Amino acid sequence: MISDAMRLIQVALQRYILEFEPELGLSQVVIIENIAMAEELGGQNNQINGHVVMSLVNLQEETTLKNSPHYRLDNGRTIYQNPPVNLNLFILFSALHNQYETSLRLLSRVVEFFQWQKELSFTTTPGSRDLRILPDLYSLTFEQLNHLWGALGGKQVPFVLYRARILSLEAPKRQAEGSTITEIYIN
Amino acid sequence: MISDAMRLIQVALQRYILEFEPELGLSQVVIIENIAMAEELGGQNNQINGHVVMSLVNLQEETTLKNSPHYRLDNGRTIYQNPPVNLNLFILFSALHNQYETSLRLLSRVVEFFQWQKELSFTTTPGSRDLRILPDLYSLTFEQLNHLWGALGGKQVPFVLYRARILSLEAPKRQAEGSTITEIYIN
Amino acid sequence: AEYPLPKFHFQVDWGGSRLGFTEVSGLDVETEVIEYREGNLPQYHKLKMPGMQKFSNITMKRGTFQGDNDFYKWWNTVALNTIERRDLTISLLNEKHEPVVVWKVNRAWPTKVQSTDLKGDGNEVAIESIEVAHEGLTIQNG
Amino acid sequence: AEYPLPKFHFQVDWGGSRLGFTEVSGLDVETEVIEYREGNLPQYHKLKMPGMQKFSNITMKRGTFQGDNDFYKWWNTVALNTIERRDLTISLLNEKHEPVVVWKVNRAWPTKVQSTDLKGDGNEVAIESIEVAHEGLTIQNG
Amino acid sequence: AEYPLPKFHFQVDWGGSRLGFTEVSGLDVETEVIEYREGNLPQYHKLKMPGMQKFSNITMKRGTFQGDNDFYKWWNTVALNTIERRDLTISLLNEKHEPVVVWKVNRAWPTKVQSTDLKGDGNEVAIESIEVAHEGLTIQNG
Amino acid sequence: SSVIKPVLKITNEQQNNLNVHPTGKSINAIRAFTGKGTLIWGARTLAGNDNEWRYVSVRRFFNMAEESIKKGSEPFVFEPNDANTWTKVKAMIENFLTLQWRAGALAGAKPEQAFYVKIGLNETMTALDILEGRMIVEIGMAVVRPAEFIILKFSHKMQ
Amino acid sequence: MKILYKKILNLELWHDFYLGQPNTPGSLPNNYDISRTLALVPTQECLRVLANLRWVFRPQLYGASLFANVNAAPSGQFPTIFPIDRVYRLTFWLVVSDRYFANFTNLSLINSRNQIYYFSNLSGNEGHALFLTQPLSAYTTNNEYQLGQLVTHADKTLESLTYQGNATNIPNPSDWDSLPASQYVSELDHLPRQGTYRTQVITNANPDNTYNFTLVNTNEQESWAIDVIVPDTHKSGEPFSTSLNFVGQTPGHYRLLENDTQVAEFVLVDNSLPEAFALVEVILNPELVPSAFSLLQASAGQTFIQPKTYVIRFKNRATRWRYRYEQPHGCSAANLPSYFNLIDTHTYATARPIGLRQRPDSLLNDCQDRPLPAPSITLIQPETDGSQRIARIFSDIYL
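As given, the protein sequences belong to chains BA, AA, AD, BD, CD, BC and AB, one line each in that order.
Going letter by letter, the first sequence gives residues 1 to 127, 132 to 191 in the authors' numbering.
Going letter by letter, the second sequence gives residues 1 to 127, 132 to 191 in the authors' numbering.
The letter at position 76 of the third sequence is residue 77 when you use the authors' numbering, and the numbering goes up by one with no holes.
The letter at position 105 of the fourth sequence is residue 106 when you use the authors' numbering, and the numbering goes up by one with no holes.
The letter at position 109 of the fifth sequence is residue 110 when you use the authors' numbering, and the numbering goes up by one with no holes.
The letter at position 71 of the sixth sequence is residue 394 when you use the authors' numbering, and the numbering goes up by one with no holes.
The letter at position 209 of the seventh sequence is residue 209 when you use the authors' numbering, and the numbering goes up by one with no holes.
Please keep in mind that the hints were generated in silico from the structure rather than gathered at the bench.
Don't take every hint at face value.
[Said to hold, decoys possible] Cut-off 27 Å, straight-line C-alpha distance, at most; resulting in silico cross-link-like pairs (BS3-like, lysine-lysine):
1. BD:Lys-55 / BD:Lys-8
2. AD:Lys-62 / AD:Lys-8
3. CD:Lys-120 / BA:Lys-118
4. BC:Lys-413 / AD:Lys-74
5. CD:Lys-97 / BD:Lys-113
6. CD:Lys-113 / BD:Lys-62
7. CD:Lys-97 / CD:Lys-62
8. CD:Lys-55 / BD:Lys-120
9. AD:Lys-49 / AA:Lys-66
10. BA:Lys-177 / AA:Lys-118
11. CD:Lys-47 / CD:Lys-113
12. AD:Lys-62 / BD:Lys-49
13. CD:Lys-8 / AD:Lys-120
14. BC:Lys-393 / BC:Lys-348
15. AD:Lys-97 / BA:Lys-66
16. CD:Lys-74 / CD:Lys-62
17. CD:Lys-8 / CD:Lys-47
18. CD:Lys-8 / BD:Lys-120
19. BD:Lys-113 / BD:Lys-55
20. AD:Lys-8 / AD:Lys-120
21. AB:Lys-7 / AB:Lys-235
22. AA:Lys-177 / AA:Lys-66
23. BD:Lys-113 / CD:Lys-47
24. AD:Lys-113 / BC:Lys-393
25. CD:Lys-105 / CD:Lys-74
26. BD:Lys-55 / BA:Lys-66
Just need the whole structure built from these sequences, with the hints factored in.
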C-alpha cells in the first residue's frame, strides 16, 4: 500500500528530529495531511499549524520494468499471472509555524536527516518488512515552482521536495495454469 | 450511451473494494459526480466527502476509424447509412475523505484492481451486453498536472487518471436504398 | 459548389482488402526548363522553353489491425524484374459522399514498406507506411 | 480484431539472459528502381522496373542493471572475420498476451554497442543501446 | 540488484590531483561491415561479415577552482611525438558507494583542452573541458 | 588414387542386372575407362525401387537435416507448451531451411516453393497433446535428383 | 455485347457458437457473419474450369456464391449460353482463420494429423435443408458411444454425455440431451489424407502372378494405373511392399483398387495449400446427383438453371464449469445453487455440461446471489480414463 511507506518515513524522521530537539515537549512534529487545505492559505482546515507536513503530489510509472514476464515455472507446471505495477512517488515536506524561524530550523534538520540515511527499510530504520525506498532530492526552477504551487493553491511556504523510487502494487489473484514440454515428434 | 460504461466500471470497482475491506459497513464507496463542485475545494456541494469519485474530463475521437464505408449490401440491394462516431474517454478517480490515510489505501486498491482486470465487459465483469472497454493508466508531468487542475479549480487531492479506449455512438436511422449491378453492355 | 472544400474525407482504391487510410501525400507534376541565348540578343538574360516531365512517388499511412497483412502481401510479389502492377484511384468526397476530385495513377507498384517502432512508454497507436512508384498521373475535377 | 493496436506491449527473443527492452526501431524493406526510355516513345518520361533489395540495421535500447553484461558479451565474441550469429524474433502482444505480429530476422550479429553518459545533474536512469546487422527479415500477421 | 541504476554518482581515476567531474561522455565500440555477392546467388541482396574495430574519443567536463591547473599540466607534457600516457578508470557507484560498472581505458593522452567563455551578464559557474584519445576500452559489469 | 586396376572387368550387359533388379537390391560398380583412371559408377541404395530413398545423397542429406533440427529444438525441453515457443521453434527451422535452399540443395523459385513447416493447434496438435506435453512438427522439403542416362541420336543432314 | 448474369449457387456455413439452437431452423439472422473464422478458396483446376464455363465466384459474409452467364428467354426460364451436357467437377479448400477454433467446435480430441474432412453433394440428407454432410446414424441398443456423439431418435437429436459400453432399450436421460432435429458434422466425414508417395502392401504375395492397381474418382472414371511384378525368389505367402507415385493427379476423393477389389479410399492432396482444413466438392452429372440437389435442367436441346442453397453446420462444444479460488469461500452444500457440486472449500463445479456461446443468455448465480463470469475459450482440460479414454471435460474459472 501507499500508507506504509509514508508511515515508515514519518516515524524515522520524527525520531531523528525529537532526538536532536528535546525542547519540543514530545509532541507530534510530523503529520501526514494535505497542505492545500490549510486555513492560512485560503482553505478550511484550522488544525494544520505548527507542524511539518508530508504530501503526495504526483505518481509516475517506471518505464524500465514494463514488459516483464507473465508466467512462472514450478514443479514442471506453468502459473500464469499478470505482472505488477511499479511506481515512483513524489513527496513534499512543508513547514508551517506561527514563528518563521522554527520553520527554517526544522527544514535544515529534514535536509540533514535525508543526508544521513540513503536507504529506508524495516531492517535498517525500524522505529511491513517488504519495503525498500531510496530517496533523492529535487531542485526546481522558478517555472517549475510556479507549476507546482499553482496546482497547490498559489502561495509558498518553506518547503523541500523528494522522490522515493520503487513501490510495487498488484492483486493476489492467479490467472491460469498449464503444462510444459516433455516429448517431441519430428515427422 | 456514456452512462452505461461508467455504471459498469463503478459496479465492478465497488464489488472489488467492498470485497477486500469488509469494515466499510456496506455503504457506497464509489459515486459518479463532478469533483470541482465539492465544498472543500471552493464549490457549493456539501455531499461529496468521504468517497471515491469518478469524473469525465475529456472526450477525443479515434482518427484511425474515420473514413469507414457508408453503405452495406443485403439480398442484392444497397443500404445507405452514415458511419458511427468512435470516442476515447478520460476518467479521473479522486479520493476525498476527512482522514488522509483512507484516501491512500483506497487509491492503492483502485490501482491494483485495474492491475488485475485488463478488459471490462458484461461477459467477464457482470455485477448492456454491447460494451467492451480496455483501460490504461496515464502518468503526467508537472505542467500537465497544472493544466488539468487549472481546468478543475486549482487544488489537488489524491487522484489517478485512466483512459478507456473505444465507445461508438450513432443514430438508429437509415439514409437511402439502391440496387446492384447485374447486366453490362459494351458498345 | 460555392464553399471551399475541407481535406479530411477521402477514399483510396488500391486493390487491397481493407480501407481507411490516415495520410496520403505526394501528388505532383513537373516539366523541366531549357534555356538559350545567342550573342547578339539585345536582352542580357535567357529564353526558356519546356522539356521533359517528372512525377513523384506517393506515400500512404494507415493503422495496424490484427489479421491484415496486405502491404507486405503486395510488396512480396516481386520476382527478378517482374511484379504485380495495379491501377490506383484516389477520390475526395464531400458532405453527401459524392466524388468531387479524382486522381488516377497508372502502373503503380510498391517500392517501400515501413512498420511501426516499439516504445515502452508510447501512448500511441501503431502506424505503418507504404511508398509507391508509378508511370502516370491525371487530375479530374468537375 | 476490430480495434487498432497500441505500440507499448512487446517482447524480443535474442538469445540473451534477460528481457525488458525500452525501444526497438529499424524494421524496413526496400527495392531499387531502374529507369529506361528509348528515343521514339511518344511519352517524354521514363519507364520503371524493380531492381535489388535493401535491408536496414536494427537498434534496441534498454536500462542498466547490476550483474548484467550481455550486450558486451555478444559483441566480444568476434574473431578476425568470424562471429556468433543468432536468429532474432520480435513479437507484438495484445491485452491477453497473444503474439499478433511477428518479425523474424535472419543471421544477426551486433555491430555497435553504446553505453550511457554520466551527468552530475542528471535525474534519469542509465540506458544502453545496441545496433545489429542481419541478412533477412520477414513479417507475419494473422 | 533488482532496480535499474541512476546516472549521477560516479568517479574517475585519471592520475590527476583533484576529483569531482560534471560530465563524462564518449564510451562506444564498433566494427565495420564488409559486403559480398556473387552473380549466381538466388537472393538479390548481399552477405555481411565483420571487419576492423573503431573507438571514440572521450570528453570530460569539470568546474574551475583557484590553484588547480591540471588539464593544462597534462596537455603541456608533449614533445615532438612523445607524451605522457596514463591508464584511465571510470566507475559507476550505487547508494552504498560500491563500484558496479567499470570502464578501463588503455593508453590515453589529452588531445584538446577548452577553457570557459566570459560574459558580463552570465550568472553561471565557469566550466572547462578536456578531450582524450586512447588505444583501447573494456567494460566490466558484475 | 594409388590404384593400379580392378581385379575384374564389368561390361554394360552385366551392369544392367547389377544396377536394376526386381528385388530392389542394387550393386554399385567400380570400372576403368580408357584415359580417365578407375572410377566409381553408381549411386543407389539397397532400396533402389523406392521412389523416395533410391539415392545415397538424398538419404544422407535427410539425416544431416533432421540431426540439425533435433539439436536446434532441444533447448526448449521443459518449457511452456504454448504459442510463443511454437513461434520460436518455427522460426529456427525456417531459417535453417532457407540457408539450405540458397546454396542449391533444394528446388524451387522461392523459399515458399521449397519447403513448409506446420506446428500448432490447427495444424498437428490437439488439447490432449497439450495436456500430455507433446509437441508435433511437420516438415516438407523438395530435393534435387540426378540424371543417369544420356541418349544421342544421329542423322544424315538433308542436302 | 450484352452479358447477363444470374445467381446459381448458395453455400452457407453455420456455427452454434453464434446461432445457438433455434426451436425450428429457418434462415440466418440479418447480422450473421463468419468472414473472420472460415474461408472458401477455389483451387487452380476450379479456376480454369470456371473460366471455361463462364461462371463467376464471389465470397460472401456467410459463405460464397456462383453466378452463371445466361440468356433472357420469354418463358422466364434462363438457359446457359451453351448446353452444359458433360460431367464436371469443382473443388474448394476450406480454411480456418480463428485460433482456438478446435476448442468451441465439438470435434474429436483423438490425435489425427493424417486425416481431413470432406463434403459433397452426393450425400442425400435432404431434410429441412440440403446438407452436405452424411446422414447421422440412429440410436440403437447395445452399442458403444463416445462422449460427444450426436445421434437421432424420436424426432430429436441426442448428444452423449458419458462413455457407454452397452446401450439401453430406452435412452437414459442422464446421459443424453434433447436438441431440435437437424444434422451436423460428425466423425463420418473424417477421411485419411494422402500425399504423393504411397507404400502399398500385398498380402499373400504370389510370385506366379501379377497385379494391376487402379485409381477411380467420384465420376467413376479410371485415372491412373501401373503394374507390379513380384520376383520369383519370394517365398509364397509373405507380405510384399511397393512404392507408388501419384504425381500427376488433381486433389480430390479417390478409390484405390487392385484387380477388381477396393483396397483403399482416400483424399489425395498436392500440398498447394498444406494448412487447409477441409475440402468441398460439387459435381455436374445428370446420373449421380439426385433431382433435389442438381442445378441444371435439360429440355428442348438446352439447359436451364435452377438456383439452390447448400448448408454445412457445426455444433458447439459442451463442458463442465469449475470455479476455483485463491482464498476460501464460505458457501456450503446447504446454501449453494442446486445445480452446483461442492468439491472442496476452494472449488465447486457444475453437475452437467454447459454449451460454449459468445453471448451466453443467462449466467449462474452464487449462494449470496451474485452473477459469476463465464469461462474463456483459451483452455480446456480433458481427463483421460484408466483405459486412456476421455471421461470428462472442464473449463476452469479463477476468481
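Structure-based check of all given hints:
1. BD:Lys-55 / BD:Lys-8: 25 Å, holds
2. AD:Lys-62 / AD:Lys-8: Holds, at about 15 Å.
3. CD:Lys-120 / BA:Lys-118: At roughly 39 Å apart (the allowed maximum being 27 Å), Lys-118 of chain BA and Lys-120 of chain CD break the hint.
4. BC:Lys-413 / AD:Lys-74: Distance ~20 Å between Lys-413 of chain BC and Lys-74 of chain AD Cα, so the pair holds.
5. CD:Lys-97 / BD:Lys-113: Status violated; Cα separation ~32 Å.
6. CD:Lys-113 / BD:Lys-62: 31 Å, violated
7. CD:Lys-97 / CD:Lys-62: Cα-Cα ~25 Å, so holds.
8. CD:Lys-55 / BD:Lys-120: Since the Cα atoms of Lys-55 of chain CD and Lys-120 of chain BD sit roughly 25 Å apart, the hinted pair holds (cutoff 27 Å).
9. AD:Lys-49 / AA:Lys-66: Not OK: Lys-49 of chain AD and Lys-66 of chain AA at ~46 Å, beyond 27 Å, violated.
10. BA:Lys-177 / AA:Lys-118: Status holds; Cα separation ~13 Å.
11. CD:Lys-47 / CD:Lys-113: Given that 27 Å is the threshold and the Cα spacing comes to 41 Å, the pair is violated.
12. AD:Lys-62 / BD:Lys-49: Given that 27 Å is the threshold and the Cα spacing comes to 23 Å, the pair holds.
13. CD:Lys-8 / AD:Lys-120: 21 Å, holds
14. BC:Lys-393 / BC:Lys-348: 31 Å, violated
15. AD:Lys-97 / BA:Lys-66: Violated: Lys-97 of chain AD and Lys-66 of chain BA sit about 47 Å apart, past 27 Å.
16. CD:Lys-74 / CD:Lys-62: 16 Å, holds
17. CD:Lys-8 / CD:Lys-47: 40 Å, violated
18. CD:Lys-8 / BD:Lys-120: Judged against 27 Å, a Cα distance of about 7 Å means the pair holds.
19. BD:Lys-113 / BD:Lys-55: Distance of about 20 Å is within 27 Å: holds.
20. AD:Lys-8 / AD:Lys-120: 30 Å, violated
21. AB:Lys-7 / AB:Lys-235: 63 Å, violated
22. AA:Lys-177 / AA:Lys-66: 19 Å, holds
23. BD:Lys-113 / CD:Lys-47: 20 Å, holds
24. AD:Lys-113 / BC:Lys-393: Given that 27 Å is the threshold and the Cα spacing comes to 37 Å, the pair is violated.
25. CD:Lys-105 / CD:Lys-74: 23 Å, holds
26. BD:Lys-55 / BA:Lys-66: The given pair, whose Cα atoms are some 33 Å apart, is violated under the 27 Å limit.
Of the numbered hints given earlier, the model fails hints 3, 5, 6, 9, 11, 14, 15, 17, 20, 21, 24, 26; all others are met.
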